[PDB]
Amino acid sequence: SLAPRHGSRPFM
Amino acid sequence: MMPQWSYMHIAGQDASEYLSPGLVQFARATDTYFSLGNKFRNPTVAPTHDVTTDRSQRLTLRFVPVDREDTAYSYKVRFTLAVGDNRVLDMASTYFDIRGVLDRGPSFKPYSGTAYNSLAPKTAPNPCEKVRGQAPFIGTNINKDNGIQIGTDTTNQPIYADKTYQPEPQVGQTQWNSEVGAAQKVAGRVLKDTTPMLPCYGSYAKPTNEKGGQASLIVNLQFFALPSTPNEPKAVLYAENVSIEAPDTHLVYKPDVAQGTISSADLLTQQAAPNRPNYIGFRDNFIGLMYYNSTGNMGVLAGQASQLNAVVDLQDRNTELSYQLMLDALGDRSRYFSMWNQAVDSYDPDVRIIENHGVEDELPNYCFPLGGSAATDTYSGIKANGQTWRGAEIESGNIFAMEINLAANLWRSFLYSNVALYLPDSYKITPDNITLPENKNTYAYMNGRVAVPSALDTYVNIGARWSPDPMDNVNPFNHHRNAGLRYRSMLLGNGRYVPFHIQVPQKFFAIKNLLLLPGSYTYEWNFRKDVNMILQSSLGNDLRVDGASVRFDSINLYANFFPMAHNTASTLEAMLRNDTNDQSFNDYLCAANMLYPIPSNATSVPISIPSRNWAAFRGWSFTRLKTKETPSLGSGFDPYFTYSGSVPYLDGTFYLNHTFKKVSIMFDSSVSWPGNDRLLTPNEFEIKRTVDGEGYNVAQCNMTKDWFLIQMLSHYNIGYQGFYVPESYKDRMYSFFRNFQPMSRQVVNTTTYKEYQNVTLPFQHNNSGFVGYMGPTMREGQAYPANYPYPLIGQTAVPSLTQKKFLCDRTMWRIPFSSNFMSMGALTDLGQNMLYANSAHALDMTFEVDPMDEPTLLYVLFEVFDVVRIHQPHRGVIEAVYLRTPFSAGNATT
Amino acid sequence: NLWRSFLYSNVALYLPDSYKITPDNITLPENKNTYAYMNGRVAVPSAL
Amino acid sequence: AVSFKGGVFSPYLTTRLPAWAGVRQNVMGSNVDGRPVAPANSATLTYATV
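Protein chains in written order, with PDB author numbering: chain 0, 18 to 29; chain H, 6 to 134, 142 to 230, 242 to 412, 421 to 925; chain G, 440 to 487; chain Q, 9 to 58.
These are computed hints drawn from the structure, not numbers from a lab.
Where a beta carbon is used, it is the ideal one built from N, C-alpha and C, also for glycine.
Mixed in with the good hints there might be a few duds.
Listed next, the stretches of chain H that the computed footprint assigns to chain Q, with coverage defined by at least 3 CB atoms under 8 Å from CB atoms of chain Q [to be verified]:
1. 369-378
2. 873-884
Pair by pair, the computed Cβ-Cβ distance ranges are [to be verified]:
3. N332 (chain H) - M36 (chain Q): 56 to 66 Å
4. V10 (chain Q) - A495 (chain H): 41 to 51 Å
5. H54 (chain H) - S18 (chain 0): 32 to 42 Å
6. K471 (chain H) - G14 (chain Q): 24 to 34 Å
7. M477 (chain G) - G800 (chain H): 27 to 37 Å
8. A27 (chain Q) - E74 (chain H): 30 to 40 Å
9. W442 (chain G) - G494 (chain H): 16 to 26 Å
10. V16 (chain Q) - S357 (chain H): 49 to 59 Å
Please take these sequences and the hints and turn them into a complete structure.
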């Protein structure tokens, strides 16, 4: 995840 | 608290929180094999204060309409939903209360067999009348009249009335035998020549007396006589112009009715049967009772001042099917409720995929006489010349009997009742001599039409998973096996005039579970009074024609406040009053609705969307519908909706979404959107590719290994890492895999077996002579082998060419807009892409379809955000913002 | 009737061949694994 | 009862030929060796392998 809620891989 | 409590950890300290830290360490260490967490109580205490008000407020509320209105086909009610102050209502609890009277029409019959003479030999005379019939009772004299003597204190005779020969009494009380000996008295009730002579099945005859007599306005003792001996009255049959009826029975061989009025003559040969069963109960989740998705009769929910509506509905968000999906993704659906009528539709998986595995008979199944020996031969004496013994009649040889094939015959009955009658009307024949109604929809006709066992009787697709192709495209849930309908029409009872005390929920998304704030709110909604569009039937017969009615009595809103202590309720008020604290909802299905009429029988259908932004598009989902069963809910009424069964439009049902051969997409003229080539067919979404040299068909079915990578990759998000069966917590009832179904058999070749014939269906001969020729008739056959099913097995098997389908129902195809077709987020990766977020695109995209002669219309969705934000600035004012990012419901032009 | 057929149809018939009996006057292949032999044997319902 | 008996058959707008197999004609088609097929009929919605 991340903090703008869900996702995956634009964060290493 | 009180020390005695903390001593026992009733309300003291947490389990691990009082024990010495060493022991907590120990238990936390060795817990997998030696657990000690179950040996010390950990107290649990509810909040002491400021959680529930003490100021004597209601726990549930009663709301009665301020004003009502009755239309010939609808019902309008306006409520006054006024929540108090320092209290909060969650609209989820709110639910309408409905009372009235409902008439299910003559098409109702919540059973399959027959309640009358239920067990007799379904083909033979209620003793009729000239004479012909029978007598059970025995006597010692028959009087000048008076009757036959039942006998008593130096006298006693019987009552032409009922204590006559009560049709079910007997000499029976003899048994193995009885033998009307020269008792000179047979006797019994024979119907009279003014009463229709229906078969002996069905025969009802309203009781007329009390003792259970049967007459009309009182019956006369005739006096048939001897056995060609002489005047010597021997029999006194009692004759009883009954009022014969037959509710529940449709004949199936009325011999040529001599004329148009033989109520008697020789019709002692009429067969008869049960009537097909139709249960007729209210739609699942009461689908359709309230006016959803119809802009004309839309509801309202606005503060008592500023009546500006706050619920604005469209024709694209299909809020019924959306709700029905929501139950699935947030429930089980295999758990009948009774209040929301939450009984999901369903088809017996042994009825759409009928596996004619064969009969399990290996043993003769016999029928031995009633005593164990009949047709004995009197013998006497011995070759020692007759010592102390015309008597002692020992039956010779071996017992006399006659066998039945129970296992096979029961299976045949199942097949005929379950996957024979529901063939499309084309294959179904009409009885020999019975008239039928002109209309093709009324229950009178389609019940009168009778199937034929010759089409499907233990010699079709033998021992191979295969839905009879004629039944492949017909609705499966219009079926007496429909568990949901089965229960739901089981619930309201049986018969006519069924008063109903129903409760309906709120299915609209922006109102489904909105949290209301103090202030009085007006709340009116419109109810469909149209019988056909609110009640389900197992035959899909038109209801408002043959007879039906739903009269509403009273409609009351019902809500359950949470008795929150006002001390905290006020904080929650002023706290949800904040701008940033605003609520927000979304429709579950969350996608537009686009019907597309297909020509009655056509091969393909293209569609087009003029240039339009797709900022937050997510993917397309579609299916097929049969236009006869999709209501255009853009008007308060639809006189052309004659179909009554399940409606795939908004009832979750889908049963044709396998007839698509394949689909193509293309952006504005030529930009196909599988994409920069990815799929095995770089431009054609393939779903039913029928011939292979490439071997692209996946399962042993006739799918394609790109479609079964596009499905089961957006539904269960599996793929790219091995196709493993998905766990049931992500496989819901309306999911893909749950319903996928391949199958195959072999059919005799047409170019190899040079003895190949084309012996039709009325010229077969198998199991011939122990069945009826054409229909559910009777047994006038013969015996000579057979010759329908060309053996595809054993030593003399013929050649064989294969066939395969992929029956997949109750699921919609999905083509997610994501780049890799993965569930990487509700708002897709490619959806937010720069190219689609700055420059709109038109769309051209077309489908295949197996030609169905019955007119059918497409069904396509665009998986569009349907968000909503609901704010309440002041006590009694509600403000809402609706939105649809790729398919906005309003723009600068309005 | 139906229950008896079920018992012989499924449990009274898979007995080892030593319990099954060949029919009165028909011939069977000498190989014990071929279908013609396997079905040729017929079980006695009284046993099950 | 609608008879396009006085119109220039083509009022309705036309779309690109789908450009895939199958739907461009409905006359009996021939297989590599000669075994024919059905153009737009049933028995073409089943995986008739050999």
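- prompt: Is it true that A27 (chain Q) and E74 (chain H) lie within 30 to 40 Å of each other by Cβ?
  reply: Because 56 Å falls outside the window, the suggested range is violated.
message: Just to make sure I understand the rule, a stretch counts as covered if three or more of its residues have a C-beta closer than 8 Å to a C-beta of the chain. Does the stretch 873-884 of chain H meet that for chain Q?
response: holds (count 5)
- prompt: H54 (chain H) and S18 (chain 0), beta-carbon distance inside 32 to 42 Å?
  reply: holds, 38 Å
task: Could you see if the CB distance from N332 (chain H) to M36 (chain Q) stays within 56 to 66 Å?
output: Holds, at about 60 Å.
task: Confirm or reject the claim that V16 (chain Q) and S357 (chain H) have a C-beta distance inside 49 to 59 Å.
output: holds, 58 Å
- request: Confirm or reject the claim that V10 (chain Q) and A495 (chain H) have a C-beta distance inside 41 to 51 Å.
  value: holds, 45 Å
field: Given coverage of the stretch 369-378 of chain H by chain Q, checked by CB-CB distance under 8 Å (3 or more)
entry: violated (count 0)
query: So the hint says 16 to 26 Å: do the beta-carbon atoms of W442 (chain G) and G494 (chain H) match that?
result: holds, 24 Å
Range agreement (Cβ of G800 (chain H) with Cβ of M477 (chain G), hint 27 to 37 Å): holds, 32 Å
- request: Hint says 24 to 34 Å; check whether the CB-CB distance for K471 (chain H) and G14 (chain Q) agrees.
  value: holds, 32 Å
The earlier numbered hints that this structure contradicts are 1 and 8.
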